[PDB]
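Whenever a hint applies, use it, and build me the whole structure from the sequences.
Listed here are the chains, written in short residue letters.
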Amino acid sequence: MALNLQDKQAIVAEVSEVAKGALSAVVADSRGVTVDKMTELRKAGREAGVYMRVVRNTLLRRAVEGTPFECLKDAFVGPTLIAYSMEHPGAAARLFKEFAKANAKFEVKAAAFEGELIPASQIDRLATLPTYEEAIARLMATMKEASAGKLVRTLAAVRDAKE
Amino acid sequence: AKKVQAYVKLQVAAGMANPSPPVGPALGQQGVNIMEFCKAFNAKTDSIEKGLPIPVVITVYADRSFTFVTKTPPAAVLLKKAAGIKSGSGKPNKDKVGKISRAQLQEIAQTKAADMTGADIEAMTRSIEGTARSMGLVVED
Amino acid sequence: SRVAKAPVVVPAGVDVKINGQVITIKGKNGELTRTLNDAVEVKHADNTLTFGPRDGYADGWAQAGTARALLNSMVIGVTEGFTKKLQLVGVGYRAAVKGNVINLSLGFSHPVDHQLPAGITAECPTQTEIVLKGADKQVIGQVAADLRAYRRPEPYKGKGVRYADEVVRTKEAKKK
Amino acid sequence: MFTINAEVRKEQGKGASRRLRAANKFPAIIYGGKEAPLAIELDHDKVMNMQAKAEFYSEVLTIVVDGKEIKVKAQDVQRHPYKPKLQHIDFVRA
Amino acid sequence: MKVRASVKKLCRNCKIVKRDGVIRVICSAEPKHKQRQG
RNA sequence: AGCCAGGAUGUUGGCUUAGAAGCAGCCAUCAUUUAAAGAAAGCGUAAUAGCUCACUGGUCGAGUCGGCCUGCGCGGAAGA
Ligand SMILES: [Mg+2]
Ligand SMILES: [Mg+2]
Ligand SMILES: [Mg+2]
Ligand SMILES: [Mg+2]
Ligand SMILES: [Mg+2]
Ligand SMILES: [Mg+2]
Ligand SMILES: [Mg+2]
Ligand SMILES: [Mg+2]
Ligand SMILES: [Mg+2]
Ligand SMILES: [Mg+2]
Ligand SMILES: [Mg+2]
Ligand SMILES: [Mg+2]
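Protein chains in written order, with the authors' numbering: chain BH, 1 to 163; chain BI, 1 to 141; chain BG, 1 to 176; chain BZ, 1 to 94; chain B8, 1 to 38.
Bear in mind the hints are in silico, worked out from the structure with no lab data behind them. The C-beta atom is built at its ideal place from N, Cα and C for all residues, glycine as well. No incorrect hints appear here.
So these bits of chain BI aren't anywhere near chain BH, every CB distance computed over 10 Å:
1. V12
2. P22
3. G24
4. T59
5. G130
Once the Cα atoms are required to be at most 25 Å apart in a straight line, the calculated DSS-like pairs of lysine-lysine come out as:
6. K15 (chain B8) <-> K171 (chain BG)
7. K176 (chain BG) <-> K32 (chain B8)
8. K32 (chain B8) <-> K175 (chain BG)
9. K32 (chain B8) <-> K171 (chain BG)
10. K32 (chain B8) <-> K174 (chain BG)
11. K26 (chain BG) <-> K137 (chain BG)
12. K157 (chain BG) <-> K34 (chain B8)
13. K3 (chain BI) <-> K101 (chain BH)
14. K159 (chain BG) <-> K34 (chain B8)
Next comes the structure, spelled out in structure tokens:
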């Protein structure tokens with residue numbers, strides 16, 4: 001390895017992945033298999049790539065003393081074991097879901113997804129981001145307005161009104 | 001994917017499928033029928049071409065036969081039909097025997113589109129690079 | 001040092017009766033238990049037991065740490081109690097228990113009937129498992145040893161009385 | 001950095017000399033220049049350290065005598081015939 | 001066990017203990033490494 | 001130091017190879033997957049092996065490692 005120098009290094013880089021970062025996910029990894037790497041790196045073949053890293057650096061004293069890149073509320077985000085997930089290029093969307101549906105398949109605990117940076121706070125996995133470049137959800141979102149929400153109430157009596 | 005349950009790989013060439021002398025009672029003895037190893041194989045083997053070595057998983061439960069999901073061949077045998085000698089190493093690094101270049105082996109690395117641990121279409125280049133240097137082959141990149 | 005310098009925390013329930021150099025602990029279960037010490041000085045106070053050396057003794061610490069651990073296992077002793085478990089292997093084995101004396105069949109020309117000691121009882125949930133709880137860690141460990149002894153595990157097929165924490169190497173016989 | 005403190009020898013000869021290395025010291029000398037040569041005793045384990053650093057034989061060295069800084073170069077060193085210790089050291093007023 | 005006058009640990013699972021006045025090697029993997037008189 | 005994890009993919013590498021898919025064998029030891037993972041440690045295989053090691057993360061929380069110069073002891077050590 002090395003000393004204080006190797007230390008700072010991993011941080012400034014790992015933490016520039018939080019400064020220049022598109023997104024951030026904190027996932028405790030008890031019982032982490034190599035299949036684990038074989039996943040976020042498989043979901044990197046034909047859907048991601050090297051635009052993502054996830055260095056288990058719960059070195060804390062490291063990854064944390066080294067977020068003077070402005071990462072408050074992360075002392076609370078420093079408990080137990082974690083595997084920092086940081087985005088550089090691409091949207092912040094897809095990356096979150098990957099773990100969301102990984103850990104839910106068992107694939108090691110997800111630290112109840114303690115949440116992370118970008119919005120900046122605590123725990124509560126949302127779905128803002130992943131619904132993007134699927135704007136056909138805004139095609140289906142208009143709900144035909146005048147027509148679909150029509151053929152559902154203005155036209156739902158007959159199929160349920162002759163009682 | 002899971003882990004372990006049943007799978008091996010012991011063949012010579014697709015040119016002569018389901019051989020007897022080379023493997024025989026060794027091609028499978030756990031749930032694999034020696035005669036049933038010429039039906040699901042050639043169903044896709046004779047479907048593209050025969051010649052190159054083709055190993056494969058041997059997913060075996062307890063339902064009579066077996067199910068093998070095949071993929072890619074050894075990128076090392078691609079030096080007997082698409083490079084030079086009928087052999088390979090023989091005389092490794094005591095003399096500059098064979099020599100390939102950057103040009104060749106390109107579309108050889110291109111075929112394995114579902115068999116490469118490197119999303120970087122460029123990184124998965126130096127991987128087969130060694131697969132053509134395990135016998136004493138210099139590279140004229 | 002270390003193990004010695006550690007606490008002990010007398011769980012709300014244990015009597016902790018320090019009479020000079022004699023400590024007696026009773027609680028929940030377990031017929032009390034009361035051992036002795038020597039170069040170690042023990043101190044009660046608060047909700048714990050502290051263990052330290054004693055000037056003039058080079059045994060110190062070393063005698064003190066074993067004090068800790070011992071005393072430690074004495075608390076827990078009467079608290080949770082103590083584990084066990086052995087399984088018999090090989091056709092025609094099997095154990096019994098029928099009181100406080102276990103009857104063993106191990107392929108001799110005779111049963112064995114081993115008689116449990118004081119503060120330790122055991123049951124045979126199965127023909128081939130002996131599980132023996134007790135307070136005195138030092139004693140279960142024995143009766144286990146003592147039992148397993150009638151027929152330690154041969155290293156060829158594995159027949160004999162194992163623990164469960166077993167490892168049984170087992171090897172092939174000389175070639176022909 | 002090579003700074004070594006010593007004391008002017010009150011005795012000399014194999015007698016006192018063997019009493020030095022006995023009490024974890026050792027004899028030294030300092031000659032050169034128009035200044036008359038000097039009887040010096042150094043601490044073993046101290047200097048034993050400075051001599052392992054290959055820098056000890058190339059860079060000038062500084063000697064403190066009752067507090068008077070001499071500074072010389074490591075002319076010659078006598079080692080033990082079979083142990084890792086110093087026997088005696090010559091020093092030149094350079 | 002071996003009663004050599006030099007004991008030496010051999011494997012990595014070989015221990016080296018003094019029980020009574022006697023140095024011994026205790027190997028957990030291989031019993032051929034068991035030794036006394038050291 | 002324990003204890004919790006992990007230890008792949010090109011690559012079953014080709015090879016004097018009956019069969020060799022890391023370890024009686026030859027020579028090679030290069031490049032990826034990433035926090036680490038050696039064509040390389042061990043048991044030992046009909047051949048797969050199954051299960052475990054260097055090396056990295058976690059827990060814990062103050063020391064820990066091996067040489068050097070020296071003092072005193074242990075084994076080595078059986079006889080009428
Ligand atoms: Mg670290
Ligand atoms: Mg005179
Ligand atoms: Mg004399
Ligand atoms: Mg004895
Ligand atoms: Mg540690
Ligand atoms: Mg482990
Ligand atoms: Mg093989
Ligand atoms: Mg080989
Ligand atoms: Mg082998
Ligand atoms: Mg790293
Ligand atoms: Mg280690
Ligand atoms: Mg001596």
